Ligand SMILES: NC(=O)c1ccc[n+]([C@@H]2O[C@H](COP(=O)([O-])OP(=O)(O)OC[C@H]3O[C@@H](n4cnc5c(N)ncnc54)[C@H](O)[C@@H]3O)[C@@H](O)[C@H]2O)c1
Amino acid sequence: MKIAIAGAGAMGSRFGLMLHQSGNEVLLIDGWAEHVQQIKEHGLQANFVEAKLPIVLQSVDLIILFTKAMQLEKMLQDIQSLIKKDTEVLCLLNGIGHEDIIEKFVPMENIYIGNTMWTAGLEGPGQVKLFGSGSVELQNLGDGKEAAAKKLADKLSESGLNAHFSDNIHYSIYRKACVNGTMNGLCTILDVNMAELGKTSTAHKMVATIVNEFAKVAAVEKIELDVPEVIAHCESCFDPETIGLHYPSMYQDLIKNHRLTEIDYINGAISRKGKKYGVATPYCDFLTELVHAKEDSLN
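Could you show the structure of that chain by itself, in the form solved in complex with this ligand?
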């Protein structure tokens, strides 16, 4: 496979690299000049390791979207050239509702949305830390493309990304967004990692409240979350054995690297929909308002 990764940040770089290591032709596409230049010159360095991946500024058979949700539109705009008739598009971004923009730019038949449990940290231009284990879930939005989705899952799993087809996917995106709509904001705002958060006495109440707001909105979309499971899934992160000692990626984005979060595409999406469906979502509203206020307090 010839593969573009549009957004070879932290997570884009994880994937880019594992696909080039198993012997795909990987082309990274990024918007960050220094990262690019650095990688043209010295390759991509990682603590999983070096690899000279081809890389191009933004201004193949498979394109894999891995921008932040907020760059995503401009990135599409800047790569519409590579969106040909054959050409498959995969979103594994962490929020909710990316399909809507992706649709503007790529035929429905060719779009595949999903989730990943893989992690990754971008230490600096050209440099990444590649944490632990992981998995992928993905499904096709296009009519009767369930078979090519299973091949895409299969091609990816062959590079060790351990990916699976899903017949729900919107269940799975909501279920994961709940994890992103709790651990993230909470850790960010409270200045704690996940383990410390679950040690506090109100974490459970806060998590449950939030999960319910997510589930009432999803229900409107005919998507019925097993709320006790989803809650136990969010609470799973409290475990110091597993990921407990890590800070979630939103904390990293803002508190560690002084960059904006994806909060509008997670808890904020839930609010946008609460408005539209007439469902109260105050905890998402406030959590969103809190994170933006926190952004403003630092930049």
The other form holds:
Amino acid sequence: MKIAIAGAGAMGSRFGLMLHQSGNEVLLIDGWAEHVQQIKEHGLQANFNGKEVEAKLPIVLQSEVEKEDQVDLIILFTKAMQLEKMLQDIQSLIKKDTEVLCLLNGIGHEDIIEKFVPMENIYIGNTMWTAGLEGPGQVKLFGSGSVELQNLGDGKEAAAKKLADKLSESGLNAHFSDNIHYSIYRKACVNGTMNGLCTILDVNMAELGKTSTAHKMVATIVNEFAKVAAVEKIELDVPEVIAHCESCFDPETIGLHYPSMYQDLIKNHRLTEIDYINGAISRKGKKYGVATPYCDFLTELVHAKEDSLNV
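Show the form solved without this ligand, please, because up to now only the form solved in complex with this ligand has appeared in this conversation.
Next up is only this chain, free of partner chains and other molecules.
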């Protein structure tokens, strides 16, 4: 395969390195100029379990994707809010049969991706590998992991299984799963409850859990996610998903943490990903005729809070 790695951070660098080592033709694409320049001049340097390895991986600044060959596969490691811009910047690499594998754990990315490749050529996945970015052009590659992925498109299960096999040839331990839609929805329920509620109430997850109405608010939101998912033939186990959301309240695990959205807005004074979480459910709700008032309101509140902080 000719593969483009759209987002050459720690995980993209792992995938790019592993795929390159097995004889694939890889292009790294990244927005961090010092990262790009270091890798151009000296290759990607990695501590791999833990041997010092180098690889001269092709790399381009995402804004300078002019002359490169078109690719068979794009693997996406770009945050939701940067995804459409990345795709716009790299669209010259897309040929008719180019497949896209998303490893972004979020809902509705397909709708952006669909503008650039047909649904039949889009695959969604989760990665359980770890990776660390030590400095520009410098990665440390931890230990063990796996990839699970699924076709979007209808009738593309066989194609998804070949894609998995191909990634597995590079040691990525990839597998087909028909459970990826489900797991993305389940994770989004956590992201659609803890993030917005903590951000608006100014509490960590444990303190949210100590409130008298947290269970009601979480349950109501999860039911909205589930109504929308049911339209897409995904039947969430609502009680389990609610319990999974509420497991974040445990101060012994992650409860004392303030969630990523709180870090973005309250700490970093940056715009939140709310439109890609509760907003995505609101958008589907409008399309499907499904009421999502808590997702609507929470989204509206978080935007108001952003505005109030001049973010």
